[PDB]
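Peer 1: Below, each chain spelled out in residue letters.
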Amino acid sequence: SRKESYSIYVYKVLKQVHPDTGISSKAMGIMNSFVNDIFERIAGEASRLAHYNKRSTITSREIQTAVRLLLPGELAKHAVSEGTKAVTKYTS
Amino acid sequence: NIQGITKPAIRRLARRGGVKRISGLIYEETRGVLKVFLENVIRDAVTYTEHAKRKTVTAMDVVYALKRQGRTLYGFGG
Amino acid sequence: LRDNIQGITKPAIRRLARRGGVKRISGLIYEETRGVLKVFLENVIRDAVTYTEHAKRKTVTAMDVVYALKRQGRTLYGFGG
Amino acid sequence: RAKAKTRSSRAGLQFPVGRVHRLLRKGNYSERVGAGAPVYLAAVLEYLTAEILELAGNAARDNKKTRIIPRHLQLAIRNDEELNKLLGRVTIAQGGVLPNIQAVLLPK
Amino acid sequence: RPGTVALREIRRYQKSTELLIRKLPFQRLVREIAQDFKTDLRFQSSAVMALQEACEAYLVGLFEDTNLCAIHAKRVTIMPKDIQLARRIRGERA
Amino acid sequence: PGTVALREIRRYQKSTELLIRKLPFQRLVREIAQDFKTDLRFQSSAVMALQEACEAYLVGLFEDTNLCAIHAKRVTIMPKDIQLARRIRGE
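Protein chains in written order, with my numbering: chain W, 2 to 93; chain C, -6 to 71; chain B, 539 to 619; chain L, 4 to 111; chain E, 12 to 105; chain S, 42 to 132.
By construction, these hints were calculated from the structure, which means they are not laboratory data.
Here a beta-carbon is modelled for each residue, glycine too, at the ideal position from N, C-alpha and C.
Check the hints yourself; a few may be wrong.
[Stated by the list, open to error] Just a few of them, taken from the derived set where beta-carbon distance is under 8 Å, the chain W residues facing chain C:
#1 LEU50
#2 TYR53
#3 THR66
#4 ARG69
#5 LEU70
[Unchecked claim] Once the Cα atoms are required to be at most 25 Å apart in a straight line, the calculated DSS-like pairs of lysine-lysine come out as:
#6 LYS68/L to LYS27/W
#7 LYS92/E to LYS114/S
#8 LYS86/W to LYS49/E
#9 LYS49/E to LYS13/C
#10 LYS26/E to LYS88/L
#11 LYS8/L to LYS29/L
#12 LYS121/S to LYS576/B
#13 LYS13/W to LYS111/L
#14 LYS78/W to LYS49/E
Could you put together the complete structure from these sequences and hints?
Peer 2: Structure (C-alpha cells):
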C-alpha cells in the first residue's frame, strides 16, 4: 500500500533546471525529506497564525505571512509572488 | 540615533552580566549585536502586526514574535 | 571485554576529529568524547524509546528516533518522517 | 461530468495540489481551507524546491558529475546563506561537512 | 577616591527588577529601524517596552558566556573576539 | 615535520561515509537501550539514523572545539576546550 511521498514529482521538477542529470536513491530520499519538512514548518506556522486570529479558515494570507517567517531573504517574496500568480491563474 | 544608549549603559549590561576587565572596542560591537537582535524582534513583530492589518504595532504582535523565538513574557498583554 | 565505551576506538574518534578540522589532539580527548557520546544517547535513545512506547512496540523504527531528534532540535533527512 | 485532469495544470503548477488540499484539512490545521491555499502552498514548495534543485545540479556540475548524491545536496546548502539558515537545524545523511581550514593550521 | 572597588557597579544595577537603558532614547531608536520594512507605523507603549526587556536579558546572557571565554583564552579582559566565539558556537552569528 | 596531519583533514573532509565501526556502535546502542528498558530491539535503519546523528553531532563538537582552541591561541585541543564548547553552547 502507498506511503505518501514525492519521488516522481521531484524528478519531474528537475527538468526545469537540469534535464541532463540523474538522482541517486539516497538523494531522492533527501529531497523527499526536504519538501515535507517545509510543509511541517509552513502548515504549523499558518495554523498558529490562524489560531492567533481565531479564524476557522486558512487562506493565501496565512501562508503569505508564514513564508515570511520561514525565510528572511527575497526568496520569500518570490515564493509569495509565485503563490499569488498560481491562485490568480487557477481562479481566472 | 544609536548614541542614545549610553557608554555607561553598555558597561552596566556587562556588569549586570558580572564582567571584570573589558576593552572598549566591546561597546560599539555590542551595539552591533544589540542592533541585529533588536531589529530581528522588531521586524518579526511588524510582520505579525501587518497580518492583523492595523497600523498600530501592538504588544501581542511582539509577543508572537518573541514566542516564535522561544521567549515567553508577561504584564504587557500576558 | 571492551564494553567500557573504549570499543569506540581511538583512531575512529581521531577520524571524526580530523573531519571536524582539529589539529593536535591531547590523549584525554578520546575519553572526554566517549563521555559526550554516552550522554547524546541518554538524550536520543531515551526519547526515541518514549516514541516507541507511544505505540508500545518491540521494534524501534527510524521514525521513533527522528521524532526524538525533531523535539531535540537536530532534524534528519533521508529516512523520511 | 468530464475526463479528469490535474487542478495544478490550470494553476500553472508542478506538484499535486489535490493531496495538498487533502493534507491541509486532514492534518487538523483548521476547520476550513480557502480555495487558493493548497495552490499557494504547492507553488511555494515548488518555487523553493526548484531554487535548491538548480544548486544541486550546479553542485554536481562543479564536481563534473551527472548523478546527484547527498554530497551535492550538502554543497547546494553551503553555496547559499538562505539555505545555510533554513537548513541550519538539518542533518543530511552521507552529506559530510564543507572542507575548511583555519589559517593557523598551515605551515609558515 | 580613585582606582578602587569596581563592584560599586555590580552592587547598584542588579538590586531590583530595573532596566539599564533610559526610556525616551529607546523609544526613538526602535521606530527608525521598524519603518524600513513598512512605514506609516504607530506604536503601543506596551509594545515598545516589551522589546527592551528581551534585549537587555539577551545582552546579559551574552556577557555571562563571554567572561568565561576570556578566562579560557588566558585573559581577565573581555575583547570583541570573545563575542566572535560565543555567538557563532550558539549558531546565531551564521 | 609533525604537521602532515593537515593532509588527513582534507582526506576525511573529502570523505562523507560514517566513521565509527558498525558492530561496536550497534553493541553500544543495544547495551544503552537494554539497561534503560526491557526487550527494546532496533531496525538497522534506526541504528543508522542514530549513528548519523551522533557523528554529525561530534563533527559539530569538534568544529566548536577547534574555534575554542584557535580563540585560546592554541594549535592543540585539551578536555577544557570541550568543556568550554559545552558551557558556551549551554550543553
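Peer 1: Need the list of violated hint numbers for this structure, in ascending order.
Peer 2: 9, 10 and 13
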